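Below you'll find only one chain, the form deposited in one PDB entry, shown as structure tokens.
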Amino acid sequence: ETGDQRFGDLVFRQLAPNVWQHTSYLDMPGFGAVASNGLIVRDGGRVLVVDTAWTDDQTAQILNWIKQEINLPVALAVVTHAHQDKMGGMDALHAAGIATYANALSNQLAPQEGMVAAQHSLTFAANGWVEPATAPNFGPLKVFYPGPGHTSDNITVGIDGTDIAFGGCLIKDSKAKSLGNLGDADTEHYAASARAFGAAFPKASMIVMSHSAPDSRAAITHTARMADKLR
């Protein structure tokens, strides 16, 4: 924490001239305070958001920080899988008038997970890249579905014009001890999905992820190696 800004419970860190990481925390029984990170991207006269915070109230804090500090309208948000860390604050996005997008499968799973679905569904080609007609006006956000991993619906995003790719919850940092897979993880394909993400954004040198500070491409290698052992 040096250069980090705080708004309420949220912490913000600039990653590049037009990119910030948002971080919110949830106190959990064993882990203590657990961070969830997402991204804010300034793209011309508009802002794009990747992932909510854990809660609606935390997510409203992101939006108020954007309003106060960047002062540009948030055009859209994309959420990266249907669990509370990434979709917990959908109601706040909706109340703010923001158009929301998620993988079709995330929207299908959302009711079962107790999450609110996004307003729009992204679909993907067989090579993993988003169908452009389902992601209109996404500017520099390049959305890629790497295959099943943490969940069957997890997606990732690269930011054109930067060194940054965001693996969301599929990628763990190079010091992580395990993947924390539950019954919805696909342990057969996890390693291939982590490598696919690596291959989709081969020029990214800063890997942003949900539960650790940004890492090098070591995070991708490490995640894939740990996943190799789940087979």
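Residues that one form lacks are left out of the comparison. Numbering follows the first chain given and starts at 1. By rigid core we mean the largest C-alpha set that fits within 1.5 Å across both forms. Compared with the form deposited in another entry:
Here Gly45 does not count as shifted, since its C-alpha moves by less than 2 Å between these two forms after the core is aligned. After superposition on the rigid core, displacement of the C-alpha of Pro202 between these two forms stays below 2 Å. After superposing the rigid core, the C-alpha of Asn181 moves by 2 Å or more between these two forms. Look at the core-aligned forms between these two forms and you find runs of 3 or more residues with C-alpha shifts of 2 angstroms or more at 28-31, 180-184.
If the one shown is the form deposited in one PDB entry, what is the structure of the form deposited in another entry?
Nothing else is written out below except the one chain.
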């Protein structure tokens, strides 16, 4: 779509004055090329990243795009669970000197999932909000653990000062006919987790997700409606 920029294999789209979506693609062999989206946030004199790309090389291209187009240091990255689309590029972040954060559970599961763990672990209260001492200096990033759904470790992030919340792989677009890859899913708690994400970011009107283009809040309720049928 017009307005989008390509750098290498990555596509970028501005969502807000200080927010961009990054999109990377993995070619399952002779199968569907599969898109995955993350976010880039300009916070004053620094940049914050949400999710790697599928690969280290694709991840370096994110970082090089930021250097060329924004020209501010990346202070940290938060990754949203231990699958290849979200943590495939951790080695690239580390090679670049970025501090990395993930749900403690993501870091614990990372080895079995064939992912490199992030450096630092987020933990969460019973109400789902990140324990702030584990997410120091996150600026406008508000990190919320909605409960198990796409995976037991899936986390979400709202961007304060914008209309944007990022549901990662938990949320599907409002015309989706399935819930995608359920290989690590919790089918019993999924619906409640989708709804909890909506409740955490009641003011968000643009919902960004890993595997569809940004949607309205309709994505949340539609996802929950699908998930209701798993139980």
